[PDB]
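With the sequences and hints as input, model every part of the structure.
So you can see what is in the structure, the chains are spelled out below.
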Amino acid sequence: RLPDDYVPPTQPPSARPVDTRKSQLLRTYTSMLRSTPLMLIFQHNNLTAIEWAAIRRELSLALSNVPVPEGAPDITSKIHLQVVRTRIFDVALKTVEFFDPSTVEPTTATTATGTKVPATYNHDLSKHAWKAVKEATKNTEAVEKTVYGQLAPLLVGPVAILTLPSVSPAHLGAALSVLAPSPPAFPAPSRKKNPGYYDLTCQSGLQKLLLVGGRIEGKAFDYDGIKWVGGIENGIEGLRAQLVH
Amino acid sequence: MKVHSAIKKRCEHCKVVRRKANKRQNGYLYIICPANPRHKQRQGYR
Amino acid sequence: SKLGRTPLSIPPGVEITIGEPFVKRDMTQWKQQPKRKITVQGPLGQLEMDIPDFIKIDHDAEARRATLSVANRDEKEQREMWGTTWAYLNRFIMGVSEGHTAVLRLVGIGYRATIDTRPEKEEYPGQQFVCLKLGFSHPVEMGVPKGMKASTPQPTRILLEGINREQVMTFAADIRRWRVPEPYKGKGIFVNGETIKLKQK
Amino acid sequence: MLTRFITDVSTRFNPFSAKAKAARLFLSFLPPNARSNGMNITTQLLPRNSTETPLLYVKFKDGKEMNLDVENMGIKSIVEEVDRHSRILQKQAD
Amino acid sequence: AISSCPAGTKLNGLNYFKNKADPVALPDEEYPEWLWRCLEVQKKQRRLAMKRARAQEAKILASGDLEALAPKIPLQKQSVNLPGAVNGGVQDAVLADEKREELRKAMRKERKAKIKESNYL
Amino acid sequence: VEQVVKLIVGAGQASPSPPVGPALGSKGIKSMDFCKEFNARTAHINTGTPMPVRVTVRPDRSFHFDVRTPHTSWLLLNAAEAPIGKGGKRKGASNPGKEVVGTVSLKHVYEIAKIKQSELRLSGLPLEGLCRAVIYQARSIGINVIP
RNA sequence: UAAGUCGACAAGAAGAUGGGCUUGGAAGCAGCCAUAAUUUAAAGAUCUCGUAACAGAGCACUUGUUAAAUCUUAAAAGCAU
Ligand SMILES: [Zn+2]
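Those protein sequences? They're chains Z, P, V, W, D and B, same order as listed.
Quick note on numbering: the working numbering labels position 129 of the first sequence as 129, and the sequence is numbered without any gaps.
Quick note on numbering: the working numbering labels position 29 of the second sequence as 29, and the sequence is numbered without any gaps.
Quick note on numbering: the working numbering labels position 123 of the third sequence as 123, and the sequence is numbered without any gaps.
Quick note on numbering: the working numbering labels position 69 of the fourth sequence as 69, and the sequence is numbered without any gaps.
Quick note on numbering: the working numbering labels position 6 of the fifth sequence as 6, and the sequence is numbered without any gaps.
Quick note on numbering: the working numbering labels position 4 of the sixth sequence as 4, and the sequence is numbered without any gaps.
Treat the hints as calculated values from the structure; they're not laboratory data.
Just to be clear, a hint being listed does not mean it is correct.
Straight-line Cα separation of at most 25 Å, DSS-like style, residue types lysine-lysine; simulated pairs [what the hints assert, rightly or not]:
(1) W:91 to V:197
(2) D:77 to Z:116
(3) W:59 to W:21
(4) D:72 to Z:127
(5) W:21 to Z:134
(6) P:40 to V:197
(7) Z:193 to B:114
(8) D:114 to D:99
(9) Z:127 to Z:94
(10) V:197 to P:9
Rough simulated footprint, nothing fancy, chain D against chain B, three-plus residues with beta-carbon under 8 Å [what the hints assert, rightly or not]:
(11) 76-85
(12) 96-108
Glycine residues also receive a C-beta, built at the ideal position from the N, C-alpha and C atoms.
This is the structure in structure tokens:
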């Protein structure tokens with residue numbers, strides 16, 4: 001029979017309860033920051049359900065008109081506008097920035113049979129991770145120089161984040177003109193082609209979304225800086241220009 | 001008001017308070033409810 | 001308590017004067033607990049209270065703030081008077097600077113109110129008397145306490161003013177005691193937005 | 001906070017500046033129907049390289065104009081002042 | 001030949017506009033592949049099972065080891081780091097972006113029971 | 001408050017009637033104008049077809065109504081070739097668990113989702129997720145789905 | 001339990017859908033049966049009201065604000081009311 005000291009192999013000792021959504025959602029953001037290269041942070045102001053659907057309706061429509069005939073993976077539906085927990089999403093940054101996995105020493109663990117097997121606890125919800133982020137955050141001025149510090153003001157109030165699977169400037173123009181239009185660089189969709197955009201429900205929903213800052217390859221970027229990235233027709237073509245020189 | 005030997009909350013607004021306790025008596029336990037005045041109950045007899 | 005920790009912002013003009021631990025001799029008691037006379041003077045008037053000695057005031061004159069603290073959080077008597085003494089200072093500060101007001105609404109056909117002087121029953125020279133025609137056979141006249149100003153912008157609207165909240169709100173309850181709101185038509189005297197739920201029929 | 005009595009609000013701040021944090025929270029308290037009621041709000045974002053002093057602008061329905069610096073006073077202190085003027089108006093109306 | 005409806009079947013009562021005819025079924029091959037896998041979610045005598053069901057299971061289970069008898073802790077209750085890596089690639093990225101959506105439904109099913117039970121009390 | 005009302009009316013049948021009359025005649029809005037204004041919206045549908053409508057009556061008795069596609073239950077039954085029962089309209093199963101009225105194949109399900117995509121408010125929902133929203137409703141109206 | 005406990009406060013609480021049956025009417029909420037799904041920060045074919053029936057107000061549920069550095073909630077036991 002299972003002994004008392006036995007711990008499930010898929011449930012190492014965590015720093016705090018894992019059943020609660022507070023910690024279960026922290027494990028998601030920790031992985032979102034690693035698999036999402038291009039991330040835009042917005043601010044939502046008490047948007048309604050129907051308005052949320054309408055706001056997410058223009059993205060899907062606007063992001064379906066991006067030409068991708070090179071047989072590349074179908075990155076047109078993994079782009080979601082997700083409302084995240086600002087408080088628990090603040091710990092996510094710290095975990096990536098201030099926790100080094102390679103600094104954990106493996107220990108012997110008991111399986112169902114009771115035999116001792118070496119194991120290392122490097123999960124984000126471990127007591128070692130919690131201790132690292134806390135001690136690292138003790139220094140205030142040094143944290144401001146890090147990328148996390150350049151985003152600490154952003155993580156205040158309700159925040160809605162847009163997640164792109166890859167850094168495709170084409171996918172940004174289709175999402176940067178529907179959520180933060182600024183002609184002539186990123187003009188809003190036309191009225192005679194996209195009447196759904198200028199609806200009473202949707203139009204009133206886009207006024208409550210403000211793009212305060214953006215994060216790219218783990219680097220803080222100002223609002224004006226995002227325009228420079230979106231201005232590029234494509235990341236691939238940009239490299240060829242330097243080769244001709 | 002209803003004087004029971006077993007007073008219980010009958011809604012979320014019912015509160016248990018001990019009133020009329022002073023230097024001369026111990027008071028009674030009351031169930032006071034602003035939402036429904038039918039939930040007013042007392043525990044003990046004068 | 002979570003309210004006793006909050007500092008007390010002293011607005012411009014308000015001046016707090018903390019006394020010294022004193023004991024008034026009481027022949028009826030063998031030992032009186034020391035107290036501290038606190039005066040809160042300002043534009044509108046001056047209020048005073050005597051707090052227990054175990055309460056300590058960190059009167060910051062530089063930043064114009066004053067935080068309270070007790071000598072033992074484990075005692076029930078010190079935890080209670082900590083939050084209470086803070087709630088009074090908050091009223092004293094916001095009562096001597098801005099002032100406390102109470103609005104009474106008279107609902108019901110035939111309910112009026114006038115502010116007239118009754119020199120016969122004056123408890124202090126110039127006392128104002130609120131005369132209420134609450135469908136009674138006799139007249140209802142109550143002299144305003146010394147320190148309060150009563151006026152009637154409209155016949156069915158009384159406006160009490162004073163620096164002591166306990167005095168203003170206690171006098172408003174005396175007026176409301178004549179006609180307590182009923183749940184069938186809403187007739188009565190409502191104090192400071194008080195409302196009553198009506199019946200279907 | 002009571003927002004019904006506020007006509008217009010114009011905030012000019014920099015996101016990266018820590019002082020502007022107070023200005024950002026103020027924008028969140030506004031209700032959702034504030035746009036439908038007719039209130040006008042214009043937000044300006046400063047460059048990151050150089051940051052000017054944050055500016056806060058408020059107007060009540062009585063024509064009064066309030067202007068308070070964001071750096072000196074915190075967010076909690078800003079909420080206090082706006083409620084007082086919003087309160088006296090309510091007592092006056094009644 | 002996997003669908004009961006062959007090409008050319010008249011789709012009944014599926015047109016509400018005047019100047020058009022009821023839709024006619026198209027070839028099965030043209031239809032998207034996902035339409036053939038979205039149907040994966042549809043879910044004395046007792047004495048007879050006690051003779052065989054109870055016995056056969058004990059035979060196959062081979063209750064001599066304590067590896068297949070583990071609790072099999074649900075994913076919605078695990079703490080293992082999700083298979084996400086930094087700069088792992090678009091393959092690793094997408095493949096890593098699927099387990100986060102599979103954990104989403106796991107916790108979702110847990111809310112139904114908690115809400116359905118909360119409303120029963 | 002701009003009250004909203006739900007009423008199922010006929011395609012080209014707009015006039016004071018049990019469905020139309022009492023739904024909005026009492027609130028105050030000028031109904032006769034709504035009857036002649038609904039015909040212009042519904043002039044390409046079979047006469048008598050039921051058409052859900054969410055009329056939003058703003059203050060001052062100004063009414064703006066958004067016509068919607070036929071009910072999903074109305075299409076599943078009409079497409080399943082169910083036997084007409086009481087009231088002259090195809091009735092659903094009395095016991096969805098035990099009884100079965102029709103067998104609607106997946107080739108029909110893929111179509112009822114496209115016509116339900118015409119609504120702008122439902123035009124963003126991918127069709128992959130919409131075909132299973134109707135297969136989930138066929139279990140409550142007693143319709144079985146055959147591959 | 002600073003990954004903000006607890007209380008309060010602000011908003012949200014999607015869609016197919018007015019589930020089918022039922023009844024003069026039954027639209028989450030007379031009753032009968034079903035109640036796998038879907039999409040979301042979340043959201044029961046519905047827990048407490050409400051309507052002739054709709055509508056409408058809360059809850060479960062979800063985010064934010066304030067704010068605890070031995071200060072959260074429950075069970076049992078001792079002694080009292
Ligand atoms: Zn009660």
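Against the structure shown, which of the earlier numbered hints fail to hold, in ascending order?
none
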